[PDB]
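Before any questions on binding or motion, here is one chain by itself as structure tokens, the form deposited without this ligand.
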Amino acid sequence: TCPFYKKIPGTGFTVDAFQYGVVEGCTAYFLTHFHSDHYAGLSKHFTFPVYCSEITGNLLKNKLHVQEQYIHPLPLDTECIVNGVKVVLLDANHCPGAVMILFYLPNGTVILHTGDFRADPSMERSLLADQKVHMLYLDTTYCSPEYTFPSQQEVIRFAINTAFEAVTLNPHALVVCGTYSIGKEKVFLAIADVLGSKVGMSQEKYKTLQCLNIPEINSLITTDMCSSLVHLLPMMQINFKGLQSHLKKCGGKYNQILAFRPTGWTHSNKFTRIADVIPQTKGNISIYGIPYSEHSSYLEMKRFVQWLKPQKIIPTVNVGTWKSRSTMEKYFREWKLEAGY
């Protein structure tokens, strides 16, 4: 059964609700972004209209084999009419093709569904600025003050300098970057760019990246591993065993691995500055965990919500425990009282 925070009242619409079969009364299914917890249940047998961004559409077609006739891509920042209801898709500053959805209900209510997002002050000069929002469906992934992490820019700076330094000292070192979905591409692209290399990867990953409308992508990635000194591997293989094994495969082209595991937050963020991050090392293998987030920090989420001043907030993450729910409602009330809405 579809939970309440996936239904848009006063419409035939659901958001990210493909794992409950045919939802009763649903005339259109919205998909905010191509991450598995959100698309769970789509496949080539799906026969209802799916509304999403162009990039999400490319992935639905090519990776999941959803038939073209059911894929409805919409442009961003544009007022569109879907089954008699005005909607707008906004950039969510999450992974490629991730959107927030604005719904203008026939009765005058305005709903913002953030999908997954990393709130940013630039959102304060989208089409959001123009009108009032009554309900916010909020990505509350890191809705607690302990969740701090740096900007994406500072993390990338750290990784670029780390990689460049290592390979300049040892021209026979290999850089590996872990991945398990789309998003966080800037980590491996930025490192490859500073080293003058393409990024080597499996055919399945290369296929995925070709769906993302990244400019000049054919100049950045390749399936020829041996020509490349930045390799992508599944996140699961980013460990001493997996990387030892991978080093065997390159045929003594390389005598050192420097690997990056982008995580979201880890508790090493309560104590350590990004500048101060050190790897775990075993022999000629080093693994850095770097806190590259595509979700809002606590501070970024609070600022967005205080700016938006919604009338009601419905969290879409961490909703399964009474303790989490209660914690989140407390922070919403503080935020409201502090800003005076």
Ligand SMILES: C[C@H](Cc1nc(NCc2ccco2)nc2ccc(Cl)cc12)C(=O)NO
Contents of the next structure:
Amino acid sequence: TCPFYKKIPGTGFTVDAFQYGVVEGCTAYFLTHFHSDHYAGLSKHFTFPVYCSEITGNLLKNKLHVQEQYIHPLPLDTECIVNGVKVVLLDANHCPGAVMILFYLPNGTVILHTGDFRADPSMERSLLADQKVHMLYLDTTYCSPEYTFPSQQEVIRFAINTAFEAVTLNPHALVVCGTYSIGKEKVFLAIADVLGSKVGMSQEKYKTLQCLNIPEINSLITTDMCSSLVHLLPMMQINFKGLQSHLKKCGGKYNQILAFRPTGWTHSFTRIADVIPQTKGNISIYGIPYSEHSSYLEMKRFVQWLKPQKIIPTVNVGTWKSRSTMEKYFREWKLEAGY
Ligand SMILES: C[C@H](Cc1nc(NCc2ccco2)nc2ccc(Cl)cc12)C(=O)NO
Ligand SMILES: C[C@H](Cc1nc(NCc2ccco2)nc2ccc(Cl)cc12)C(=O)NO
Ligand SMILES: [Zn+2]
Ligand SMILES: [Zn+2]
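Having seen the form deposited without this ligand, the form solved in complex with this ligand:
Below is the whole assembly, all chains and molecules, this chain first.
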């Protein structure tokens, strides 16, 4: 059964609702981005129109093998008409191809669905500007004040400096980055750039990256592993056992592994410059707080600027405590800002 926060009232639209079979009355299924908690259910057998970004559409076609006739890519920042309703897709500053969706309902109501997003002041100068929003479907992943993490730029600075120093001190070190979903590509791309290397990865991950419209991607990535000194591995292999196993593979070409795990928020107190790795012998593992979701302060600033009349959270909605906590913050933001 489809939850209410995945339905757009007054329309036949759903958002990120693919695991509920045929949704009654749904004439168009929107997919905000290609993350498994959002596309769950989509396959080559789906026979309804899917609306999404071009990049999401590339991934649906190539990775899930959804039939081309059902994939409806839309350009960003462009007023489009879907089933008689004006819609706009906006960059969500999440992962590649991730969008927010503006729905202009026939009765005059305007709904913004953020999908997953990392709120940024640059969004205050999109089609959102001076646009009255009556309903906001908000990515509330980190809607609590203890959720602080650095900017992505600060985290990348730390990663680049850490890797460059280690490989300059030891030209025989290998850098490993953990990955599962799309997103956070800047971690491995920026490290490989400072090391003058391409990023080596499996065929499956290479295929995924080829769908992302990344400029000059063929100059940056490869499936030739031992010709690269930055390797991608599944996130579950980023441990001492899995990295010890990987060090054998390259045939004694490397004698040290520096690995990066680009987590979300963790309870770690410490500043970005003072992050230290887990080390066992010649293997060190850095957990870096590279987030593609809003910090609390980023979320608060975005909502207080947008001044929506009603907020519908789309994350952390499963407990009375979580729902009550988020509503208390929404009220605090509204009282402080005056809307
Ligand atoms: C990598 C996967 C996907 C995943 N699952 C969950 N929990 C839900 C869950 C666990 C098992 C099935 O469904 N939370 C995640 C949080 C961040 C990220 Cl990146 C991925 C997450 C995983 O961890 N388990 O399958
Ligand atoms: C890439 C993530 C994948 C993901 N993240 C989350 N929480 C947000 C979170 C925690 C740590 C990093 O990011 N929860 C999931 C639960 C189930 C599954 Cl399968 C995937 C999940 C995303 O942005 N997905 O949209
Ligand atoms: Zn996501
Ligand atoms: Zn998500």
